[PDB]
Structures are given as structure tokens and as C-alpha cells.
Amino acid sequence: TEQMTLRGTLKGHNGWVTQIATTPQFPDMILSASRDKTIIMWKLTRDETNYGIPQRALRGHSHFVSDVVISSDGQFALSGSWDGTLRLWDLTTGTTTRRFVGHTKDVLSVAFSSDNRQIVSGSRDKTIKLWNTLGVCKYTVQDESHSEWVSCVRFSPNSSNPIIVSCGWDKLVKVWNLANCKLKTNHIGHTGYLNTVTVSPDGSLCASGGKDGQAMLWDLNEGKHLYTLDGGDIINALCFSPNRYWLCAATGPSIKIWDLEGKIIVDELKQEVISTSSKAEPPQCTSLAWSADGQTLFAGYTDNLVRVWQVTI
Amino acid sequence: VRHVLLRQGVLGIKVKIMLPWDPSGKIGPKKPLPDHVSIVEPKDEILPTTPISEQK
Numbered sequence: 067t068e069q070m071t072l073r074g075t076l077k078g079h080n081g082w083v084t085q086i087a088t089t090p091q092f093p094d095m096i097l098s099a100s101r102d103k104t105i106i107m108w109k110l111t112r113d114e115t116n117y118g119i120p121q122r123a124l125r126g127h128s129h130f131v132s133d134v135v136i137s138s139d140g141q142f143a144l145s146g147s148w149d150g151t152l153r154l155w156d157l158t159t160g161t162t163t164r165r166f167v168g169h170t171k172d173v174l175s176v177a178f179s180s181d182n183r184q185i186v187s188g189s190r191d192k193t194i195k196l197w198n199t200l201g202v203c204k205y206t207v208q209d210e211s212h213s214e215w216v217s218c219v220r221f222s223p224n225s226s227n228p229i230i231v232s233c234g235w236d237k238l239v240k241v242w243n244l245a246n247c248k249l250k251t252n253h254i255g256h257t258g259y260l261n262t263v264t265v266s267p268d269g270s271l272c273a274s275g276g277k278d279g280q281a282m283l284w285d286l287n288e289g290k291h292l293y294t295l296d297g298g299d300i301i302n303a304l305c306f307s308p309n310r311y312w313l314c315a316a317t318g319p320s321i322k323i324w325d326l327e328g329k330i331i332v333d334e335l336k337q338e339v340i341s342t343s344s345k346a347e348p349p350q351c352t353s354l355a356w357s358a359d360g361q362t363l364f365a366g367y368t369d370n371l372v373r374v375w376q377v378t379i
Numbered sequence: 625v626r627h628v629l630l631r632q633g634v635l636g637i638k639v640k641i642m643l644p645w646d647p648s649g650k651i652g653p654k655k656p657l658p659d660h661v662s663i664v665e666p667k668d669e670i671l672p673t674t675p676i677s678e679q680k
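Protein chains in written order, with my numbering: chain A, 67 to 379; chain B, 625 to 680.
Don't read these hints as lab results, they were simulated from the structure.
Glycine included, C-beta positions come from ideal geometry on N, C-alpha and C.
A hint or two may mislead.
One side only, chain B facing chain A, incomplete, derived with CB under 10 Å [as the list claims (entries may be wrong)]: (1) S648; (2) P675; (3) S677.
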């Protein structure tokens with residue numbers, strides 16, 4: 067039986083942990099964006115007395131850091147914060163190489179191309195923006211876009227003809243041809259705003275969740291709606307699997323991991339159960355990331371902690 | 625404030641008027657009163673929903 071176990075916990079932050087990103091190149095370094103305006107790059111010392119130390123704090127941002135992603139080579143990082151600016155870092159020293167100015171409101175999401183050639187950003191301006199990798203504005207989706215906050219944008223991993231997909235606060239999942247930057251199709255449903263969106267590594271499904279609490283699976287090839295999983299409380303971040311057919315979902319205080327084959331829950335990752343003497347008892351779950359080894363997942367919470375969960379047999 | 629002299633001493637006239645917040649206009653001021661929070665209400669949200677993905 068495949069089970070999950072709490073290996074260790076990482077400390078060093080001061081506010082909420084908002085994003086976690088791992089690269090398949092270096093299996094011993096993690097990026098963690100937090101609400102204390104810093105981005106911590108970790109020294110993942112695999113011991114068990116602790117589990118990791120912050121290696122370097124990428125500083126320089128005037129508000130919350132909402133999104134971060136590592137490049138394909140492991141030498142750069144892209145970040146998007148709540149002052150409208152995007153930053154291209156250097157994982158060797160710091161020294162933000164290029165800031166991507168141009169927005170009127172906070173920057174929510176950020177995503178990197180398959181070859182790290184274009185950049186995409188969604189903000190609260192109801193504007194999706196494409197950028198050259200030199201710090202200039204390539205294209206802007208001004209209208210036919212969402213009517214509310216564009217909460218998340220992602221690239222498809224396919225070399226076969228290219229998709230980008232965006233979810234918003236207008237309870238819609240919109241999909242775009244990347245060459246043309248026009249709409250391909252709509253996706254209706256999801257009563258309530260949308261928190262996240264993701265594409266499977268095979269580039270064939272989009273698992274979208276939000277306030278509703280139900281994770282919906284959409285097909286990127288058929289242009290239909292496959293099926294729905296009621297995730298229970300609420301969905302913060304949905305992430306697919308690197309070497310399995312699961313789907314990890316971040317509910318309020320828990321993490322729900324489905325076997326998609328017969329669409330059945332495998333586990334409910336609940337932390338410790340102190341009798342919290344009033345009010346909302348547990349620190350809620352913000353983000354989660356699967357390691358390229360497919361063996362351990364990292365989860366960033368709202369109480370300044372980053373917890374590890376290892377697959378055990 | 626205006627003085628007006630009559631057969632016996634001066635009278636004093638004082639007039640004060642409140643301008644009625646002409647927005648973008650110039651019969652009153654813009655920039656409404658500080659304690660004047662105002663909320664807008666949208667519509668077109670529908671509860672009847674079926675997960676249909678229509679194409680274009």
C-alpha cells in the first residue's frame with residue numbers, strides 16, 4: 067500500500083507561504099515565496115534532526131510575493147509580487163537581472179515557457195500579458211479576456227500545437243492558442259471564483275478548482291468536460307503527479323490525493339490535532355509542489371511552515 | 625460678508641452656500657465628502673449552471 071508520512075518541517079519565514087517550486091535539474095534546492103516579501107532558496111540537508119536550512123534570501127519587492135517559478139536550467143527564477151512588478155533573478159548571487167514593469171494592480175500568477183522563451187502574467191487588471199525574455203511587452207489580452215481578476219495563468223507542456231490556459235474570478239476557465247493569442251474555447255461551471263489551474267504532464271487535462279470546493283477535469287483535446295470531484299471544503303492549489311495518475315488538492319486544513327483510476331481518494335493529510343480553544347482550529351493550506359523524483363511533496367501553509375510528505379510503501 | 629449702511633448705523637450681511645458635488649462638472653466640486661462611501665451593485669450572475677464548454 068502507498069501511504070504518506072510527515073518527514074520533516076522547514077522554518078525560516080515570517081508570513082504565509084504562498085508558492086513552492088522545484089526544478090528537475092537540482093534535486094536538492096527549493097524555492098519558497100512568502101508574504102514577508104522575501105523568497106527563500108533552501109539548503110536541503112536531507113538529515114532527519116532537521117530537514118533543510120535557508121541558503122539565500124532573494125530580497126527586493128515592495129509587497130507580498132504572489133508567484134515564483136524556477137527556470138529549466140536552474141540558474142534563474144521568475145517572480146511576481148503584489149506591486150505589479152515581475153523579477154528575473156539569478157540563483158547564484160541574487161541580483162535581479164530584469165524587472166518586467168507594466169501593470170496597474172497586483173500580479174497574481176506567473177509562468178515560464180517550455181524553452182524559457184516567452185513569459186505570461188495575469189493580474190487584477192483583468193489583463194493577461196505576454197513578454198519577451200528581455201523585459202518588454204510582447205502582447206496584451208485586453209478584451210475577450212476575463213471580466214474580473216485573472217487569478218492564474220499556465221502554459222501547456224506540449225510541443226504539439228500550443229495552449230495557454232487561464233482561470234479567473236469570473237467563474238470561467240478560458241483557453242488560448244499561444245501563437246495567435248485568441249480564444250480556442252470556453253468552459254462554464256464552477257459556481258464561485260477560481261483559485262488555481264494546472265495541466266497534466268501529458269498535456270491532456272486541466273484540473274481547475276476554486277471557492278466551490280469541487281475539482282473539475284477538462285480535456286485539452288476533446289474540448290469537453292470529463293468529470294468532477296467534490297473536494298470538500300475549498301480548493302487553494304491543485305497539482306498533478308510527475309510519475310503517477312494522481313491529483314493532489316490543497317483543501318483548507320488538509321490535502322486530498324486522488325487515484326484517478328476509479329476516481330477515489332487515497333489519503334487525507336491532516337496535521338496535529340491540538341484542542342484549539344476557540345474559532346478556526348487549524349492553520350490552512352496555501353500551496354503544494356511535487357518533487358521531480360515523484361517521492362516527496364512539499365506543502366506551504368498559512369502559519370509560516372513548510373511541511374514534507376514522503377510516499378512510503 | 626458685506627456691510628450695508630442705512631439711515632442709522634451699519635448692518636452686516638453674511639451668506640454661506642453649500643455646493644452640490646458636481647462630478648466632473650464645475651457648478652460644485654468634485655471629490656465627494658469624506659464620509660460618503662458608496663457601493664455599486666452588479667448583476668448577470670446566474671445560478672442555473674451545467675458544465676458545458678462551448679467553442680469558438
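query: Given B/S677 as an interface hint, is the shortest Cβ-Cβ distance to chain A below 10 Å?
result: holds (4 Å)
- prompt: Measuring from the C-beta of B/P675 to each C-beta in chain A, is the shortest one below 10 Å?
  reply: Cβ of B/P675 sits 4 Å from chain A, so the hint holds.
field: When the least beta-carbon distance from B/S648 to chain A is tested against 10 Å, hint result
entry: violated (21 Å)
Hint compliance for this structure: hint 1 is the single one not met.
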